[PDB]
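Here's a solo chain for you in structure tokens, the form deposited without this ligand.
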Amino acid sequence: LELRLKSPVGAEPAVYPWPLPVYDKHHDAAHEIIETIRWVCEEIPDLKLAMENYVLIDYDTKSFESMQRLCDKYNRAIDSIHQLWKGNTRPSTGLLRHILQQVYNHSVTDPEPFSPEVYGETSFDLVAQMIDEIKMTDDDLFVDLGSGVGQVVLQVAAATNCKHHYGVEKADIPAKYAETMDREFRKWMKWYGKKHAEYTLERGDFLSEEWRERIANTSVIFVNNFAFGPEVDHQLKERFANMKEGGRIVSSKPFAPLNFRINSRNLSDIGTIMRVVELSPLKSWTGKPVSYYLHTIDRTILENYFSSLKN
């Protein structure tokens, strides 16, 4: 009828119905259960000692009795550790990738580059590099513009100490799935006993009047602008022009040339008020040769040009 996994921190058990749900072609619920057990064993060294070696080696994902025996063995090992303990940190990057996968599989049940379906395999590591590079503190406010199902926001919230993390998505289908992703993330994080910063996944148009002041007051913007049209790009540069000095924008395509040279003919260009650098994990990376672009609000670019003319 069903499979149960006791939480290492005494939260409510994870309940899986049998037959287990079928995920996408290269993910399955049975291996999710097994990997969940292996991750909890890493978190708790005593759990490995309490558990008999054969349990995680010899199993049959296609047998209810076999899958039930595995869950029973883990649950009894958890109970022994809970007895031993009688007598809340940020998740590790490896655990976080697994949590995000689990959160996705439990949220998206119904049927092109960097698809949410393959986030863990093609996006996670690049996002993890960007988090390591773009140093964020408790004074920062993070916003992912066009956040989709909310994976980037969840990864950043589980990794940094920003005051708040926001995801804004306009499309009906991703924004609705993000509601489930949000609930599933909070639930699974509690189950493992892991800490995450505050975040909000919301439906809205980042080009709206409400969002103008919100963009102006954001210190760190992430924006996958790869598929943006020239009008969306033009309107976004106008929003960025209201940001504070030192405000940062991390994007998949640059908003200004990397080599911008201020002159009399290009004074209205966004390049007059922002520094732009191309960052790459390749500069021990072994994934895709993909770059990200860091823009920093700096009005001294414009100031020095005027001072140069007057002096």
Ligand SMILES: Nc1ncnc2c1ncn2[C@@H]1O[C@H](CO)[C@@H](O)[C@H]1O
Contents of the next structure:
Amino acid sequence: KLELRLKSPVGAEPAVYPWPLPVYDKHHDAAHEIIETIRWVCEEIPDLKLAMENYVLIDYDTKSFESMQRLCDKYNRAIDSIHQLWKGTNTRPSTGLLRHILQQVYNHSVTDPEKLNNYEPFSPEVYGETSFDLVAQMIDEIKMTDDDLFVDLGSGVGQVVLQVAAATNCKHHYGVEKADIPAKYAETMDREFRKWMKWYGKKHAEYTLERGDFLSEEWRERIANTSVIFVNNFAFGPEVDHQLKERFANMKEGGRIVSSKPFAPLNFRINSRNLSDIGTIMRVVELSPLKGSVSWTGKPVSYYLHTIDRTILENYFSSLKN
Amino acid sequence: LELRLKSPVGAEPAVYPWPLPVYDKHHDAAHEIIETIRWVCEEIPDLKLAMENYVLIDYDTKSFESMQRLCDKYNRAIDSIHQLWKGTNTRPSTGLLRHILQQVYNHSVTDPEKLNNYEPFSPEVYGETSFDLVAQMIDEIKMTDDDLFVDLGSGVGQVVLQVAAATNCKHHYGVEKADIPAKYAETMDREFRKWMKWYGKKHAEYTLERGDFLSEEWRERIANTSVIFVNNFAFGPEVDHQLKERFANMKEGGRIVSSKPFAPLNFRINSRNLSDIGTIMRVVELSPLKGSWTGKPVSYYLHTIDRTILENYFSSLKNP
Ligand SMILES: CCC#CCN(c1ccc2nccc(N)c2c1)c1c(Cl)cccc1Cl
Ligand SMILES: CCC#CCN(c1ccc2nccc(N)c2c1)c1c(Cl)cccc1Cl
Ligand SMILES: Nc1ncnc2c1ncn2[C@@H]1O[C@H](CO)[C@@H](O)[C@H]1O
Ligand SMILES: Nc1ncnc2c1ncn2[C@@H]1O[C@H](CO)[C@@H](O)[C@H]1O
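Now that the form deposited without this ligand has been shown, please provide the structure of the form solved in complex with this ligand.
Up next: the whole complex, starting with the chain shown before.
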């Protein structure tokens, strides 16, 4: 009774919200999530926008049970008419819808954000601010096919994995996280994501979010067999950084690493004193949405693309032999 | 016990005290310093060449010496470029303006709790969607030096500052009645003018004033305004009614951009609704989703004063 229901556009189980509606933060709540969900479904199903009496999307009071109920009811009646129309007569989400889905999955999953103990700009709590856009730019730049295996080393609550799995056709996407609190929230993010993606009728690639230490023996062979590694190594100490380079040194030719800090200098010059360095077996480039034909107006951020290339070491040895 | 950033145009340096201020749970002045440096380097290519690249990768925001080293490397690069230019003002890019407006807010609104604003239109979240929707609005209405822009209920003045940085309107006004945002708007104004000079960026003339937009003085001022911006989403029926009476004195082609329409989108003039504001204005819903938008599914409303709607009704009665 004391609740609001939104029918799924594809006939999945309805989204059920209790009344009073949950509040996510000081300026964000479930009332706005309901309005935006309705708007997104109408935007991408044009018959639905035609069927719905749209005056309610102007005339609404988020603090009134009756007003919010009438808004949900108009949308649900329009869903029923469209289901009748389709009776008589499964794609990847757009970037805009995926941004909404990921936020919605986070709001239903991470109920106590204080527990994360994350005060850095890479916190799950601010993922929608810059990270989502930079991951979308990364997806467009780093071409992935069904022959690729994607791994996020230290995946937090799994946001990058969910975004990449919704956008690409990699064979599989993995997220590995060590810390207890984020790996526990990742279990809910996983269930909430699959549920919401089915509610919208959207496709995603296969993915797994797992609890683990990416420096373990099991993960050594797994990194060696990964074609695309994503790693937020910005705050990693020298030991972890060193151990990671040792793991990357076992990757196949053409294997790629995308990171927030470079693992080798951008201007690496192979000599007799730096033959041990990872720079001898990889090309490194700085990718910035500020560079190119990209219409970027966000933060002046960059990421780094590393590609395993053993010809740098091979050519130096030929120079030494001849 | 401080950090200094030299201006790329030789204005007074930006001075930050140490320990560096914290703005929120994930945002501080150390990130502001780094991003300021990155923006100046991005838009001055010789600067990016002169500066040692490692400096913006290996930094510790919690170390005075590390942050001082970072500022020093940028200041030395500014000095080399100033020497290069010795040896022989534009508008900010959208990206730089977004950074400038956040920076102006960070230095001005020290106690955001005081605003008592829990709505999505709060100054505290302006950079999230409002900034992008205002940028879309500026591209859509295409104001010239003959225009006068007025934001009715301007809060801390963010819309006025954005519009004045982007357009060549003769003047931009913000009028705010509430004490706390009107007081913060005075600081936003000073900080904006200072930061714009620091970057060497141009803006149009603007005034942020404390006042009641329903007063007699404002009645004549609204009548002489060519572009009104108003966030009327939470306005009661009395304010809404009084505003329509103000808009009814505007000139033909006068425009009102708002968060809620002042007249129905499907208004049809008849003998029973001749009193309605819909008889003298066109109304259209503008949505960035219609027409590369991936943000929130938001809309705003454009009203254009057009008394020919009323006139055609009378001429249609006399010419059946
Ligand atoms: C951890 C969640 C995330 C993300 C997106 N991202 C970046 C890179 C630099 C940034 N700088 C500042 C602020 C951000 N939010 C940044 C995000 C990223 C990419 Cl695209 C490739 C490889 C690693 C990373 Cl971490
Ligand atoms: C007050 C600060 C602002 C702004 C930009 N804006 C809107 C309009 C609808 C919105 N919907 C949801 C969320 C937002 N942030 C929205 C912002 C706006 C415009 Cl472009 C024209 C006329 C009035 C308005 Cl209020
Ligand atoms: N050895 C590790 N194995 C898996 N995740 C890790 C490990 N070390 C750090 N992390 C995680 O990496 C993330 C930062 O990239 C954080 O969420 C942090 O908990
Ligand atoms: N009569 C008025 N005069 C000036 N500002 C007002 C008036 N009424 C409301 N406001 C302001 O309009 C804004 C609502 O967008 C608030 O900042 C609020 O204080």
